[PDB]
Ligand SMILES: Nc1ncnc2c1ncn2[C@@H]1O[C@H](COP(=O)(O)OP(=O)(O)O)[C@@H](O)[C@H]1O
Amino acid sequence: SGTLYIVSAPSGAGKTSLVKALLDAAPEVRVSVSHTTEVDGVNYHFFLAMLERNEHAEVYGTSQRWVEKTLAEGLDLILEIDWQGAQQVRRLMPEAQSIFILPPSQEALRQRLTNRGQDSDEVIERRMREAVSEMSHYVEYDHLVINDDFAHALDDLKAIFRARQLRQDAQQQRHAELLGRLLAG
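Taking the sequence provided, give its structure as one chain in the form deposited with this ligand bound.
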């Protein structure tokens, strides 16, 4: 069986860039396709009536069907969700692992938001007003990655995922046969 990961970060901290690089070196890991209001089905399932017909939050929603089958197949799964979703998932599925990604400074956040070139010259300040409040939830997460130097932060992220696959539970499923041979007198 696989691990459920929650990855959260303020916009522009580097969560998208770190996860994409993590996936390139981690074939057993998938990323959940959120529904939100780019390619439909790849980045997101791109309305409210279908959503009301059945975690979810306004800041967006995570499809429940994909998660259940994926974990039972042994795949690890990353949810790129906000603190509201993280709280919902942690309540419904307490075994979920949570990782928070933070910038080295508030100004680096603004520079990255501005340098990404996807938001407006005022939405950067609109998102920054909520950025300090959003980052305050870092205390609710199992691990913290400070995305200063990208390469080091990628290593930090890979170490979390590798250490997790080395846990007792994961090693028992993946290396069951080796463990059996080791104890076979």
The other form holds:
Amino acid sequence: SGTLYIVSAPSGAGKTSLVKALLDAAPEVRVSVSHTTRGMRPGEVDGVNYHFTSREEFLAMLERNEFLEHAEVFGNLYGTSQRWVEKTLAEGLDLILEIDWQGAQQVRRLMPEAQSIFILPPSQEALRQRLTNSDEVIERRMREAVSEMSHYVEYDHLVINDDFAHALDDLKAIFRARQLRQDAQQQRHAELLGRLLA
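Having seen the form deposited with this ligand bound, the form solved without this ligand:
No partner chains or extra molecules come along with it, only the chain itself.
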């Protein structure tokens, strides 16, 4: 079966260009499309950026136990649907959940073999620029981002996004090393290992 990767970053900027770039260079890796109850933004496509749904429909899915994890982020509900994750892993494909620290905690309990990565800004100034890209609102968004970053200690690996080219290669190294671990290689090269041992 495939490997599950959790990738988290401060939520105020949206999903990271780093993960998009990683997926562009490794088309065999899949990414989960989350459900959300927030409204669509210009340039977003239902079924691609998110499965956009209603709060009533989101809660009904929760009652039907369809979410691997869910969380409230800035008052809107987000979640990872479980069936798609199980299907993709069972096909032997690796996949990424780009989710916040709350969802990461839930996933780790259910899947202790999951690799998790937190992507950090190089400075508060750089984080603030990404958020501003109203002043009063900005400081609250910064305080909320700081509270999320405090959870970086819960993650297996950390990437400091100082130089985009360097951070992308750092992500690639984490993913490649994960696939070289004993557990993944034993399954991947099962037939080879049998020939080496017989």
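Under this definition, the rigid core comprises the largest set of C-alpha atoms superposing within 1.5 Å between the forms. Positions refer to the first chain, counted from 1.
> Just one of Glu125, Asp142, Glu134, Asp156 has a CA that shifts 2 Å or more between these two forms on a core fit; which is it?
The one that shifts is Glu125.
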